[PDB]
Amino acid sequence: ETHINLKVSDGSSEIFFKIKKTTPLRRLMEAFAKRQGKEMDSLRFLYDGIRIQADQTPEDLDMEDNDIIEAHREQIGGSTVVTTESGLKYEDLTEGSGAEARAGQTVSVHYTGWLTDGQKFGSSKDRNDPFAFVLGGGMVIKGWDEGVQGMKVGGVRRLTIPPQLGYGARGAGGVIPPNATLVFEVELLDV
């Protein structure tokens, strides 16, 4: 056999590939990162608990048909996920500089949002149009009004938003179903 099938899983997104055994894994890794809107740089791919480098081939790693590659985010700065009283979770992927965003300020952000199955349902980067709103003003979902408070400019924060802080029993956009937990990465551009 010259080719094998591989599954890459990050716990949410799973993507299936068929790769020639002598092909470097770079293209597969890039494909998985692109599907999440992310750069390959912000991800780590493991096979049999060992990190894969882009130049390595399935042959190099003795991979077999239907083997699994696990995908993770690694932030060099570390990972601390905080649960709030409301059940919101936040994780500062990057901490910003300067003053913290406060309720009542108009902020400008970039964001991407996904379902817990990894499906991207929206991004400001799609129209390359930052999104502005009045923080704590009730014009965005509750999880955002709560979760963007405390961010600093240049910060990127990952919000995990339970449905009562999102779209609840209604869902939205022909994409988000009832009772869906939402994941956003939000970049604070200005406050």
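The term rigid core refers to the maximal set of C-alpha atoms that superpose within 1.5 Å between the two forms. Shifts are known only where both forms have a C-alpha. Numbering follows the first chain given and starts at 1. First, how it differs from the form deposited in another entry.
Picking from 38, 120, 75, 105, the hinge for the rigid motion between these two forms turns out to be 75. This chain moves as two rigid pieces, and the smaller piece turns through 21° between these two forms.
Comparing the forms between these two forms on their core, residues 1-78 form the single run of at least three in a row where every Cα shifts 2 Å or more.
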Second form
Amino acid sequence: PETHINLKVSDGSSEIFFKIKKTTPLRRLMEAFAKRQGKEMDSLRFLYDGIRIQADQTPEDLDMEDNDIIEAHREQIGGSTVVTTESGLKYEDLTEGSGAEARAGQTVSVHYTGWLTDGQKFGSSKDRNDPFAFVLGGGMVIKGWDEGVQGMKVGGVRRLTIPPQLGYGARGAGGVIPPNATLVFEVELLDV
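Since the one above is the form deposited in one PDB entry, can you give the form deposited in another entry too?
Just this one chain is shown here; partners and other molecules are left out.
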């Protein structure tokens, strides 16, 4: 019979697939996911079908089927909120900062990774070890960012879903961003 199973894990920015034996405890898939996100397994919660997964449970215990989806939750405990502002911008605070709040006029420093909505990555400050600094609300970055980064706190990580009119519009950008692309970013506020 079919001894192995493919499972997708989504954290709401991208999807990754894992193939494991149906008798293997999900720990093996949870650890492979955590290490790949540069993340301690402690700070991740995993749901299947609305039910919390434990590390000693196997795909077979949970009647899993090939290509079933597991949700990986990185945000704070106690329930997430996605906020849609008047401009159509969406944001979700995954990690709430401890530091000082960002505000228009200040010069902020950030890391970011940005994806298209099909999970395809198009850019990252981490892949060059180079924080990005700009003046918040000074028109130097795309609009979703000027709106979206205000209110963050240092230490914070915020997911922005930027509709194209707050992005690169009908034009798109070079080879990477197509016309009319919605953009998903994770921005980490390093300094203000």
